[PDB]
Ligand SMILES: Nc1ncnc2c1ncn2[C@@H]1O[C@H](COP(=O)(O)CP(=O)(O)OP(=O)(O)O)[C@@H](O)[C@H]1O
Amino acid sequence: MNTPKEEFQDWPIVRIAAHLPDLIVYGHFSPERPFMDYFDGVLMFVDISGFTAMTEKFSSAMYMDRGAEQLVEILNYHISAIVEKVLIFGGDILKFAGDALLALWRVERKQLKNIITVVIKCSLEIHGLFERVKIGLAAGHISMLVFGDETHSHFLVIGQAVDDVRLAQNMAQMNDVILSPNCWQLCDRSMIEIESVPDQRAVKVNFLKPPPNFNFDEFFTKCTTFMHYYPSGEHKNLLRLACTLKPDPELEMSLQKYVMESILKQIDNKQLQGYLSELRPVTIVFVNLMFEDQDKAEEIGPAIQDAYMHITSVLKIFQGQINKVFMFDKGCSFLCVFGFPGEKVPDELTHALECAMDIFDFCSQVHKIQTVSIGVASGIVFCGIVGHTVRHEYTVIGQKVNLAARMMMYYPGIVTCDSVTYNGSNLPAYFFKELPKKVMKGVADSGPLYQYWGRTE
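Three-dimensional structure of the chain by itself (the form deposited without the ligand):
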């Protein structure tokens, strides 16, 4: 009697799970919104903007109309190698963004010290791949927020360690590994030689020099005792346990709400697998919400949910999409896009600005939101699924993405827009104010910027 080998793990639920971290896939938490949970862990923030500032070159006529395809190919080739390292070292990749990848090792407080050693070794091996990234590491308390409505879900991690991992990454230069102050306080200092960072309490890792009898392979195996989903046994040849998920309609109903409908259409083999890799004109509406206090989801969770409920209703009118949400220094940011593939509407510029002002006016009145700021920028951006086969996400990359992001931070409390949006809106000129030009990070020659003042005085 024969024993044919199994082949089939390529179910829709597995394809959906590629777009999500284990934090969500195996979370099995309540469907109430907002949902908040609390834990401890180590965060790794890998800055990949050496690789993503290349989107300019790929718009060149040299690439003969295959710019988007070449860009996603070379990006995924390099990001895939980073992903594999994170996953084999036991990390859960939470999110991809144009300029970064955030990973989490969730553990009980008593194992933080040893897990930081694992994460530092992982970091050093990532830098070894490119002998061009910057790595910030943090550790400590982490809060998770899940918000959404009956058809869509989003999640965020928040807290001091999340803020810390961003600050640490910003301090880093090429090939640096920077530990947040609490990570350095928590780590095993017998193992790692550091140096101080000027004017900073964070530290830079110079060396991982373990004691004479230390065996990293045996140490790592001991650490896998605390990793709930590390592929093992019969499945030790897989990068993710999620690769083994089996059909389960209740679970798939839950997980699909995190993924854009156009991606679900490709997952269902109802759209060509390359339709979503494109250089295309879009309008970015980057919404920033600032609170009094950054690291307490119990106060900001309800506010973000209330904002989200209004944002989704405004965007739906114009097939706008929330591509990503981020949280830093008591600012929660929504990266909204008008014009994604198959979602284009006429008067995109006008409607982007009217939607921004609607969001601005509503969210300004939401309890506990202190300031709303919105940047609106329009131009050619790269869109596509970025990452590894087993862990990837739809992402947008481009100068206009970075411009809208810097505008909402450098011009707080107002709706701003770039010259493309201003000139191509069908709105009267006195609806706008020409702004002073500010030197903004990563922005060279943004063009004239405007405040959308709106229809009345």
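Rigid core: the largest C-alpha set superposing within 1.5 Å between the two forms. Residue numbers count along the first chain shown, from 1. Compared with the form solved in complex with the ligand:
- Among the candidates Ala53, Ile414, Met36, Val420, displacement between these two forms reaches 2 angstroms at the C-alpha for one position only, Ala53 (superposition on the rigid core).
- When the rigid core is held fixed, the Cα atom of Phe362 travels less than 2 angstroms between these two forms.
- For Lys330, a C-alpha deviation of 2 angstroms or more is recorded between these two forms after rigid-core alignment.
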Second form
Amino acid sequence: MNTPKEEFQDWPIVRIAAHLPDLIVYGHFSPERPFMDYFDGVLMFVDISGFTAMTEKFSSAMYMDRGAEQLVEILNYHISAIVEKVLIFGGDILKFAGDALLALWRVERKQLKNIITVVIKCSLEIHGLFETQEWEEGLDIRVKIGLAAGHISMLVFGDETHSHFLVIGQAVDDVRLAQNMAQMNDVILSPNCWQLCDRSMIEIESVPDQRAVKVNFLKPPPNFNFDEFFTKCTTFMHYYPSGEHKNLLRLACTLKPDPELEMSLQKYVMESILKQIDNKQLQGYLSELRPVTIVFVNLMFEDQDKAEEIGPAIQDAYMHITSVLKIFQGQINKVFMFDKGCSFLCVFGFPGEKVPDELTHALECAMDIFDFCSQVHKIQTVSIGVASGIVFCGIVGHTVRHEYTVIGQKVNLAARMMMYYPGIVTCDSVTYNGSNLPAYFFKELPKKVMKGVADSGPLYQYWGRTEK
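Moving from the form deposited without the ligand to the form solved in complex with the ligand:
Below you will find a single chain and nothing else.
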């Protein structure tokens, strides 16, 4: 009797699982919202620098009319290489934020020390991918890596059709601080990661005025075999592809149809992505250099580390945000904890979602979210950045692990606006001029120099309908 090789495993549930980390795929959590889980782990924050200047130059006559196709192609060529490293070293890719990426090695606290060594070896192989090459003749893109280790909380929130997850706490806060301390080609360890790490293994140099450290080299001791050490660590790696599946990057590639799991997994993914997954739309439809309006909402709390206090507030804000956006086909692209505060990256005019008077609605929507979230229990400050223009929209990452992302100077601009002008709604010149709303709805703001943005142009507070 023949035993033919089981065919390519390409079910909708497998395609859905590409968009989600193992934290969610194999999560099986309560029905309730908010949901909170606590554990420990080791985080990697990989930032790519250069790619919004790339988005600008790919949004030029140069690339004829294939700017976004050429852009996602070269972006995914480098990002698939990093995703491969992280996966092969046992990491779970939690989230893509443009050309930036957060990874988790979730592990029992006694294994944190050993797992930090694994995550360092990984960090240095990632850097070593970008020691060689370059694009636009010479060099423009390298990576900065921040590492943290300790307590981690996960928050799951949403309603009957949508779900979003966040990771929270001091190791989350630390991994961001560690990353923006780094220069190109650096691996920065958070203080508690350096405190929990195997110091016989790792040569470091001190960071000026910062308690964090900078990794120089792995100097393993004489009886060290990394492959044997790695194998030892895999005992602690729940979902690490092994046995008949050692040839796979993700155990999630072996997921079988399960209606109840698929039902819960699809709530994390946009309906335009599911449409593609269902072969009801062309696979290239979703890669676009497209005019959009970014609404970046940031919520500050007295204590951004306590999921128990803040999770209800995030849930309540989500419930209001989701109903304000629905009206105008606005989307919550991502939610994430960003150097203080819970941030909602909201997008007006995604593919097939282009409402008329996008700018007036983006502004009215912002004020609405501003006023609601200001009266929610335990939200200290609400800040909203509004920016409009040509951004790259597309599926970013690896075949086995990818998400829909927005990339561009306008995304950086909205994000930086909500931080340099806290407690207000702000907008750029494109939104202000374009809305054509009367000039007294706006207040022109002082000029601030802002990180990761060259000329913002004139900026405005959206004051709203009344003088109040």
